[PDB]
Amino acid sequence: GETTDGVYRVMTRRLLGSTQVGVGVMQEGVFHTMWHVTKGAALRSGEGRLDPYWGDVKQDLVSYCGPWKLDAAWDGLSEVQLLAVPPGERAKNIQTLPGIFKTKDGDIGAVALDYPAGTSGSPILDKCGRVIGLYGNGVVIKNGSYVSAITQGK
């Protein structure tokens, strides 16, 4: 099927009509998404099948056809762009300055942007267009707004 680098929608026909359950990144022949989007199930790209290669529920990540290829990291200072792919809507870039998730195991960048659940897996980019992480695993704060970690493979 399609192996071209880029951002892709993850769809299902098991519910009413065609429903977008998430988003992913194709890079160097490997498809990258969040674990909660597919639960590690196989995917279809036209007539071709993508089998899971690596997954980790705690990181909430999964790769297909090969190992995780996204290695860029947020520099901790600069603004980044969420390349949001919302259900039924065109791919759209949103620029923001990340905040921080402070954990007992270190600090992680976080983006305070609110999108429908089916937007999970959208890539976060640096100024060179490199994917520094995936959007879609985070918390709801004291207001009701959503804050996502910048989740990158470790």
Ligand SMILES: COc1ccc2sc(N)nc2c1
Contents of the next structure:
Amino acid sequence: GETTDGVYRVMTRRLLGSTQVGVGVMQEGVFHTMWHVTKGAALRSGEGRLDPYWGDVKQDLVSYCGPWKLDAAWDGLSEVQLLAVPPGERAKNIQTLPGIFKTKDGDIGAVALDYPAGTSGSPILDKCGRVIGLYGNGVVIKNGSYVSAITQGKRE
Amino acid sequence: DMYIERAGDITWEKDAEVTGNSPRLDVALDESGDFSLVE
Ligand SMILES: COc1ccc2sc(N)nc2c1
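Could you present the same protein in the form deposited with this ligand bound, rather than the form solved without this ligand shown above?
First the chain shown before, then all remaining chains and molecules of the complex.
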């Protein structure tokens, strides 16, 4: 099918019309997305088929055709770009300085940009163009606005 | 059934829309992968 590196929209014809349920990254022949986007189900790419290979509900991640390939990390200091791919709208880079999700298991970067739910799985980048995580799993703060984590997998 | 469609390249773009704040939150992550605010 289409295994070119890049950002992709995850679509479904199961609801009314064609609906964008999420977004994923294709890197080294491995498609990467959030678990709540696909629920682990198989994906189509033209005539080709992508079957899940690794997944974890707590991490809210899943990889197709191979192990998780993305291992770059936010340095805790620099600005990053959210390559937001919203439903029915063009891919657009948005630069921000991440906040912090302080947990009992440690700190995680967090991007405070709000987008439709079908934007989940849009990659967050460093100044070199490396995917430091996926956008789309977070919280709704005192203000009522959305703060997503910078969710990164593990390269075995 | 679900299917994918390419939406672009993964590249950093100079002079893009700079927006968003940087908050420090106390969060908790449950077994279902959902985040919640701890206060
Ligand atoms: C403001 O509420 C929400 C709820 C769910 C999602 S998924 C996403 N990427 N952004 C949001 C925002």
